[PDB]
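Next come the chains, spelled out residue by residue.
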Amino acid sequence: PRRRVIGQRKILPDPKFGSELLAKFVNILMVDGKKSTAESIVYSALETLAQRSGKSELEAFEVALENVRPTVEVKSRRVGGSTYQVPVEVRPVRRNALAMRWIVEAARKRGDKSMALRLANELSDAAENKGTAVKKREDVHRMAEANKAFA
Amino acid sequence: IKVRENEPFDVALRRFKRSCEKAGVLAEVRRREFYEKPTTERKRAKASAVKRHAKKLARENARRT
Amino acid sequence: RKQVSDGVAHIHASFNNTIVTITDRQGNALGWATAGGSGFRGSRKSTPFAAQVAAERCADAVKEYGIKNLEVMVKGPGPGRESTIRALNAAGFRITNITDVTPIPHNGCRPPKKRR
Amino acid sequence: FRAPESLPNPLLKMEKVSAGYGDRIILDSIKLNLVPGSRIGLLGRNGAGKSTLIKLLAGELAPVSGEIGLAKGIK
RNA sequence: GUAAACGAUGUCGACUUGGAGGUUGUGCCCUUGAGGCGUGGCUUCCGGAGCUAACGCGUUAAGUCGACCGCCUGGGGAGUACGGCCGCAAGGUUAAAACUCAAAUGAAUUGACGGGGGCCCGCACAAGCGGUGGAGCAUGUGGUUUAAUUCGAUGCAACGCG
Ligand SMILES: Nc1ncnc2c1ncn2[C@@H]1O[C@H](COP(=O)(O)OP(=O)(O)OP(=O)(O)O)[C@@H](O)[C@H]1O
Ligand SMILES: [Mg+2]
Ligand SMILES: [Mg+2]
Ligand SMILES: [Mg+2]
Ligand SMILES: [Mg+2]
Ligand SMILES: [Mg+2]
Ligand SMILES: [Mg+2]
Ligand SMILES: [Mg+2]
Ligand SMILES: [Mg+2]
Ligand SMILES: [Mg+2]
Ligand SMILES: [Mg+2]
Ligand SMILES: [Mg+2]
Ligand SMILES: [Mg+2]
Ligand SMILES: [Mg+2]
Ligand code: NA
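Chains as they are written, first to last, in the deposited numbering: chain sg, 1 to 151; chain su, 3 to 67; chain sk, 12 to 127; chain H, 302 to 376.
These aren't lab readings, by the way, just hints derived from the structure by calculation.
C-beta: ideal position from N, C-alpha, C; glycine also.
One or more hints might be untrue.
Stated by the list, open to error - What follows is a list of derived Cβ distance ranges for each label pair:
{"no.": "1", "chain 1": "sk", "residue 1": "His117", "chain 2": "su", "residue 2": "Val13", "range": "32 to 38 Å"}
{"no.": "2", "chain 1": "sg", "residue 1": "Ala151", "chain 2": "sk", "residue 2": "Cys120", "range": "35 to 41 Å"}
{"no.": "3", "chain 1": "su", "residue 1": "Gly26", "chain 2": "sg", "residue 2": "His141", "range": "27 to 33 Å"}
{"no.": "4", "chain 1": "su", "residue 1": "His55", "chain 2": "sk", "residue 2": "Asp71", "range": "41 to 47 Å"}
{"no.": "5", "chain 1": "sk", "residue 1": "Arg105", "chain 2": "su", "residue 2": "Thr41", "range": "47 to 53 Å"}
As the list claims (entries may be wrong) - Distance condition first, Cα-Cα at most 27 Å in a straight line; then the derived BS3-like pairs of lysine-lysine:
{"no.": "6", "chain 1": "su", "residue 1": "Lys24", "chain 2": "su", "residue 2": "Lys48"}
{"no.": "7", "chain 1": "sg", "residue 1": "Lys136", "chain 2": "H", "residue 2": "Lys317"}
{"no.": "8", "chain 1": "sk", "residue 1": "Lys124", "chain 2": "su", "residue 2": "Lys19"}
{"no.": "9", "chain 1": "H", "residue 1": "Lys317", "chain 2": "sg", "residue 2": "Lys135"}
Construct the complete structure from the given sequences, taking the supplied hints into account.
This is the structure we're talking about:
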């Protein structure tokens, strides 16, 4: 951080689908190294999402991700010893990472049944713009618009 | 200061004209100096200027740069 | 009313505010706006963005006169000095000549004290 | 106002609302859920359904399409 | 009638290598063209010998000499008290002692420090994940108690430690 840099950590793509976004989703939502316990959750969620949406891969994940991925966000960039937040332009690589974290947090909330169902409902809501995950995006947009004075 | 400058199309080009009086004079006349702090400030400013020739004097080294 | 054709803009900026006034060429004020009154109370009304907002807020609400040419006159050096002529030109105005008038004494009255 | 439990995270299940009042159709589209903690104000002119929507969310005006939903522990 | 009224350097005169400039006079000359060649007055910066405790001064000496004047004799007490003179007054000028200490003081050197500066680093901040601080129990430590609650470690670097 202070001096050095990193190329990246290469990730093995998804087993069932020819993609890596879903593998990173599994990595984000697993816990205690229980990848074999997160895999069933994610695949069950994408099973019960396709039947309600009408498509298997795009409408399952991407359309619920592009309604929750952020565009700008606030960071502390004081100059003269103050504390006001300065909005910044988020980068394309971090957009998906932020979106998936927000979706997984919204799905960890909303406690009704198994996580394989909580995530499915939260993702349908994300695809329609109806969840807490998209509410977080709207709130951060409000903050950035309000602090748009500093640039 | 007053400019028409019809020849450009929405190009300010008033930098040259604003860099005549506004930047320095108004910032100077905002507060009273002392009548004796101006002389000290001028003396220090013009004593630092002659250090430019002393810096110029330092070129004559190989320095392996 | 009276459909004034060519007008005068006053951009009175300062280290705490930026007041923008649209008037006729004789000096009868048509409409004014200010960064502080645009909903920016505090340190946020010193930024050039607030001046940009005030310029548009003054260009609006004066379409009752339908002005096409504006002679801008800039006073009181501050953050909203160059960021307001573009905000006016982003409102449908002909910025003909940008006069800069600014009070300069020839060593007149004594200024205030120096702060600490 | 006192302190409730405020447990249910899904406040209601909203889908294909089609509120009509029988003779006509009043509203058919809908917006984001109440997502506990949200504060929403309904603008709009008169005779536009601002009260039909309130009664539909309250549960005293059954939608013609059906399944307007409401969480288990909402007071 | 007092100032850090300060180049903290009394006035006058004589002598003793150079360099880069500023401003103000003058003669000659290829002003033959925004130029050269000499000579005075004032002035800024750097520097040789020499001088100096060092810092530095260095032809405008703090160098080498002469004339005249003013002032100093450890730090406090103290530029104070009393007295005289001056002042409308505030005060100014001249000016002690008793007592007390063995030190005050200048310049420079090595460190340390700065809410002084410059350049780099560290899971230091930032970006994240998971925790302690809340409840039950285990263990240690202080406290209080007791016939004894054996002794030691007790900021970081003692407290699941000997
Ligand atoms: N009980 C009813 N039966 C039939 N039509 C009704 C009934 N109540 C309301 N409507 C109709 O539904 C429409 C909206 O009525 P509603 O009371 O919801 O209005 P609103 O937009 O909330 O405005 P307001 O401020 O007047 O209450 C109107 O056209 C009205 O005539
Ligand atoms: Mg003031
Ligand atoms: Mg005195
Ligand atoms: Mg004196
Ligand atoms: Mg003097
Ligand atoms: Mg003296
Ligand atoms: Mg004499
Ligand atoms: Mg010298
Ligand atoms: Mg006295
Ligand atoms: Mg006396
Ligand atoms: Mg002294
Ligand atoms: Mg505990
Ligand atoms: Mg013990
Ligand atoms: Mg241990
Ligand atoms: Na109503």
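Holds or violated: are the alpha carbons of su:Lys24 and su:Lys48 at most 27 Å from each other?
holds (23 Å)
Outcome for the supplied range 27 to 33 Å, where the beta carbon pair is su:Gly26 and sg:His141
Since su:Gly26 and sg:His141 have Cβ atoms about 43 Å apart, the given range 27 to 33 Å is violated.
su:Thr41 and sk:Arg105 - C-beta distance against the hinted 47 to 53 Å:
Cβ of sk:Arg105 to Cβ of su:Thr41: about 50 Å, so the range 47 to 53 Å holds.
For a C-alpha distance cap of 27 Å, please report whether sg:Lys136 and H:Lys317 respect it.
holds (25 Å)
Could you see if the CB distance from sg:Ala151 to sk:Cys120 stays within 35 to 41 Å?
holds (39 Å)
Using the beta carbons of sk:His117 and su:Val13, state whether their distance is inside 32 to 38 Å or not.
holds (33 Å)
Does su:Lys19 lie within 27 Å of sk:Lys124 when you go C-alpha to C-alpha?
violated (30 Å)
Please test the hint of 41 to 47 Å on the beta carbon pair from su:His55 and sk:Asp71.
Violated - the Cβ-Cβ distance for su:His55 and sk:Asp71, about 58 Å, lies outside 41 to 47 Å.
Could you grab the alpha-carbon distance between H:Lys317 and sg:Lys135 and see if it respects the 27 Å cut-off?
Holds: H:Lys317 and sg:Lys135 sit about 21 Å apart, inside 27 Å.
The earlier numbered hints that this structure contradicts are 3, 4 and 8.
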